[PDB]
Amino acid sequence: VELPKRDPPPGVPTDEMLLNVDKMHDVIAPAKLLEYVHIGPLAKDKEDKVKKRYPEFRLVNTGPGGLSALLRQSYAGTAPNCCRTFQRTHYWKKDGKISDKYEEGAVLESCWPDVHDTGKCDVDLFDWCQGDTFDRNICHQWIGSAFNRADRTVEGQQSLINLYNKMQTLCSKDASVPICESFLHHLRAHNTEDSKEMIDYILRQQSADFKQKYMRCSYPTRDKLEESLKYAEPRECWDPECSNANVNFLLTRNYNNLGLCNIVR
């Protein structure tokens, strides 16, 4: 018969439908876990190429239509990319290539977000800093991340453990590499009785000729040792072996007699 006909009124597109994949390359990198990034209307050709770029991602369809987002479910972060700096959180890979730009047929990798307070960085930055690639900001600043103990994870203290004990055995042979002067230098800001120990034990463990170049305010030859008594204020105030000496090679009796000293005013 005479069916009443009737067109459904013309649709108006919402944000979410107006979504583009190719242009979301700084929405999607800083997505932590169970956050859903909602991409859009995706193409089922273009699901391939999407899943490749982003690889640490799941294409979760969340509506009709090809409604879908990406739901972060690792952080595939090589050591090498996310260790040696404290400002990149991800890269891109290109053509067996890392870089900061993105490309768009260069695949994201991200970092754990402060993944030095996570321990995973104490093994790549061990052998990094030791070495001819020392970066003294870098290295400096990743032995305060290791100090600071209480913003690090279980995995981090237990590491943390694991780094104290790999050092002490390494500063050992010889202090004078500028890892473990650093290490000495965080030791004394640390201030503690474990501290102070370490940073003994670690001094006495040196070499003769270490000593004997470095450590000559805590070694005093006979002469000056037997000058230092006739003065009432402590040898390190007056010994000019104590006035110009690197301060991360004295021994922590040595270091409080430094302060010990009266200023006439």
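The term rigid core refers to the most C-alpha atoms you can superpose between the two forms while keeping them within 1.5 Å. Positions refer to the first chain, counted from 1. First, how it differs from the form deposited in another entry.
In the core-aligned comparison between these two forms, the C-alpha of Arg149 is the only one from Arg149, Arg88, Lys94, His190 that shifts by 2 Å or more.
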Second form
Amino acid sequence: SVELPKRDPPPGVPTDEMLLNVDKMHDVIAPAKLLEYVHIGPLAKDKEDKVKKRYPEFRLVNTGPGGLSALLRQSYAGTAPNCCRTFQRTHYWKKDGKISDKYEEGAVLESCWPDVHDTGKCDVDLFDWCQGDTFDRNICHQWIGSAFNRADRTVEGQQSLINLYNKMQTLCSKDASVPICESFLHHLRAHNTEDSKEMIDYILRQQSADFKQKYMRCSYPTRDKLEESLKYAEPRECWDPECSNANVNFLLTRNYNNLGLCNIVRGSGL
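Instead of the form deposited in one PDB entry shown above, give the structure for the form deposited in another entry, please.
Next up is only this chain, free of partner chains and other molecules.
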């Protein structure tokens, strides 16, 4: 049998890729972004369906021989009620009809868009959730405030801003005392533009006689109050107790501006 020149190959030395186990990489795969390959090591053929069900947002790619595979994110399936009412959760796990922040074997990953709070993807959900008993002061104030500085800066994120402002203008004209509307009026003031000031006066002038009699007596003084204020050189807002006791969010723009014209002596001026 012409005794062949046999020789065995050198003993194998596995790399880090070859020692990867996908069942330990839930915290590595979840933060992965689009167009990024996350190598998971050699994957047996019978475990492919187990991996593809755990990560439906990802595409399983056979990258090399011996079953070497990687995961490539294709989409974000995060729903509005699970991604929009928080700013710290980037993903969650679904198992047996329940939603959890912690991974568990047999659960399905679902991830939120990184720009979900930089665009307008949450405006519809939070417009209803920030009304009534579901109002969360922290989340809802941060949502309204973050709109005025919409990080998208895209011609679409800028238009979703105008759509939201028209909705809040219609809602808050019916009643400006609800907490989400008082927050909207406050953030319009802080924006300090000609459009935001114009929208403030529009909303406050649309209010009922009940609202104006309750919150806007600094803007609508009585006959005797207005007549007596003509006897002083300073603006009425600088001494009127109705203006010193007023909610600044319900002041007309003129009254708000006049409040800062009161010639404060060095120290405390009143």
